[PDB]
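Okay, here we've got a single chain as structure tokens, the form deposited without 2-oxoglutaric acid, with questions on binding and movement later.
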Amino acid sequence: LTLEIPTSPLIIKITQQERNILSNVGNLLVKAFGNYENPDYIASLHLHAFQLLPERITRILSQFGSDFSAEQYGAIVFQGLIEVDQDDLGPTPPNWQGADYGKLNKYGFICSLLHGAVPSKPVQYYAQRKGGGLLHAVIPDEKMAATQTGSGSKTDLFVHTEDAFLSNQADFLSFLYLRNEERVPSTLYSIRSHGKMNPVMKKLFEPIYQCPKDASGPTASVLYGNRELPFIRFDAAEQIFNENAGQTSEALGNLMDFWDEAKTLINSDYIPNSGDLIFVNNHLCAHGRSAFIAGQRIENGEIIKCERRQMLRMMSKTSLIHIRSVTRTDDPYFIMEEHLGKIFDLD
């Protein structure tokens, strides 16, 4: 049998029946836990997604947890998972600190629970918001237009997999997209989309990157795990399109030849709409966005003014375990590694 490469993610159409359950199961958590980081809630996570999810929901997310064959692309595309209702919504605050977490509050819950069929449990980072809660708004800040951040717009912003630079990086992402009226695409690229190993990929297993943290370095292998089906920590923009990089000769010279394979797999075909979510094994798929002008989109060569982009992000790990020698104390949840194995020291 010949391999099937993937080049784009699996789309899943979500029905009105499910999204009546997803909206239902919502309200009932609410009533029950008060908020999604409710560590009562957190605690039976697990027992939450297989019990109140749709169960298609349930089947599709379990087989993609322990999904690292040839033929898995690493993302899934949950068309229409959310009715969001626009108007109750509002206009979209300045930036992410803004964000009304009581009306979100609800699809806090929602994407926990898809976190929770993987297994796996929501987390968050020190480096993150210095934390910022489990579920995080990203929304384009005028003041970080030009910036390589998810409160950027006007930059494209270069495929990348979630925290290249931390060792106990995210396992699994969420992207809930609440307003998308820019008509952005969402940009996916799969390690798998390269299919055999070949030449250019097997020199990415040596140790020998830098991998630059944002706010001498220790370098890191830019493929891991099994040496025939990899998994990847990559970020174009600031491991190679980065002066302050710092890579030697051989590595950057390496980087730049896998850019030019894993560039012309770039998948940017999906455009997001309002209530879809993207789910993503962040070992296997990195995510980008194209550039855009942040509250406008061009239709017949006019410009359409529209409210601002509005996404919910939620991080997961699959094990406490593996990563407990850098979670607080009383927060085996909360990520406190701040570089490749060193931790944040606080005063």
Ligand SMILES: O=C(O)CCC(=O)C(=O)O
Contents of the next structure:
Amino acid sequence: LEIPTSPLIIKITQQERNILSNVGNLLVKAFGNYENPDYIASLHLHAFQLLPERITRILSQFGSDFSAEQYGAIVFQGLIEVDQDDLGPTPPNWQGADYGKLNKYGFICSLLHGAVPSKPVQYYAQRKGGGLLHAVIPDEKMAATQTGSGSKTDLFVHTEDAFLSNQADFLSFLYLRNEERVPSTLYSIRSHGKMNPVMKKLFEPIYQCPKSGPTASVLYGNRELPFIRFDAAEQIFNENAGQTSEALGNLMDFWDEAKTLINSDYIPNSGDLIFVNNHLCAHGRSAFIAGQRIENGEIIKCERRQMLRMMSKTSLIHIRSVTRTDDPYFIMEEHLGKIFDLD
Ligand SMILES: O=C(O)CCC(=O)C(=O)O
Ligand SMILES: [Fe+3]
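Pass me the form deposited with 2-oxoglutaric acid bound as well; I've looked at the form deposited without 2-oxoglutaric acid already.
Everything in the complex follows now, all chains and molecules, and the chain you saw is the first one.
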């Protein structure tokens, strides 16, 4: 067994980059925007027909790969060319993002999800939906917070929406800007190798997954090669987590083993995309001061970090009891089965 300790790195070629750009432009002209119901309905057809063949092959292989050798993450280096001057300054927060300017990127990202094959979705739990594509920008008003809008503190490794029974299957993180040279942290359940006594206790549905309350298993799926639902900040380093002495102990014993396996080697460049199997690989990023980097004992001022996130589900059927009646891509789940009580 070759235990995976790092993600697969794919160096995108100039020809691939040029195909993606032309195909992105074409889809913008044809459908207006990536949330067009006609485009979403024929997504997989557009993905398999319009993407560079090597991208399609990589993502198809990845979608059904849950083997011992599979890390659960891919870095697509130089997927897109970002013209920094055209992009202009980073808005003060995600609310200031110009999705008219990010439209082509949303098309490109949705094609990658559609080749898994997987369908982009939105969550009421995340910005009351906020669309299929989210701009992740450091907000000065939320500098030391444990969110995507944060900066000043370490964003602990977590799988996305550990508190939801219908959390994303796949995630894409498109880096438009990372001039602060913030490392992206990744953690795979596969980095542990063979099933062990510490891991086995996590299959027990005795754990709190904060958004008494309902409990769930941290490990699920196959007993030998499991899937993971984990949030270190929310489940372990939270005074209000409400874990039992037994569960907290198990989580702590697990965190001790897991923290040595966290990979912080990759520093994304502008135009890089990280593609994640949200059932295998947790993500985070180190602390940073937005709009600056330190080099040879001097402060270098720069444009603020800007990343685009897209989430997807492989089945609209399984999630149908938690989606909107008139939108099967809009997840209304609040906490482990419970739906948001709105009206
Ligand atoms: O900034 C990052 O790379 C990760 C932020 C994050 O946790 C997210 O978009 O879910
Ligand atoms: Fe996240």
